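Before any questions on binding or motion, here is one chain by itself as structure tokens, the form deposited in one PDB entry.
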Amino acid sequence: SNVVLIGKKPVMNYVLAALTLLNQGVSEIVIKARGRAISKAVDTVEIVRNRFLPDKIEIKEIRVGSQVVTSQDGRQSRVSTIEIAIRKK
């Protein structure tokens, strides 16, 4: 996989899921999120690179975008998305 999808749980869950992949071979992982979760996704990246693997992880690419969404009543809208690819320095 190599992808950590940010959801509703507390940050820790995701930084751990992230560290697990890294500290398990995979040298590049991607943190993905949408809507308000975008902040946690960034938090996750920072916590990982700063509090657990200082100077051992770099950000390869960040990508933001928009995803179309359809509600129960059929109306459309968009939610922002983010994709942060990080790897072992």
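Residue numbers count along the first chain shown, from 1. In this text, rigid core is short for the largest set of C-alphas that superpose within 1.5 Å between two forms. Residues that one form lacks are left out of the comparison. First, how it differs from the form deposited in another entry.
- 74 is the only residue from 74, 25, 10, 65 whose Cα shifts by 2 Å or more between the two forms, the rigid core being superposed.
- For residues common to both forms, superposing the rigid core between the two forms reveals a single consecutive run of 3 or more with all Cα shifts of 2 angstroms or more, at 70 to 77.
For the form deposited in another entry instead of the form deposited in one PDB entry, what are the coordinates?
Shown below: the chain alone.
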């Protein structure tokens, strides 16, 4: 895969999922998140490139967007999204 979707789980979960990938051959991953989890998506990247692989990781690209979603009622609503692709420097 190589995609880490930020969910409702505590940050450490994702920085671990993230490190596991990298420190395992994978040279590039993509942190994806939407809604309020967007905050956590950046937190995940900073923690990764900061207290775990400082100087060995670079942000290759960052995309922000909106995605229409269908709620339980069947009603449409949109949420913001972020995509942070990073790779071993």
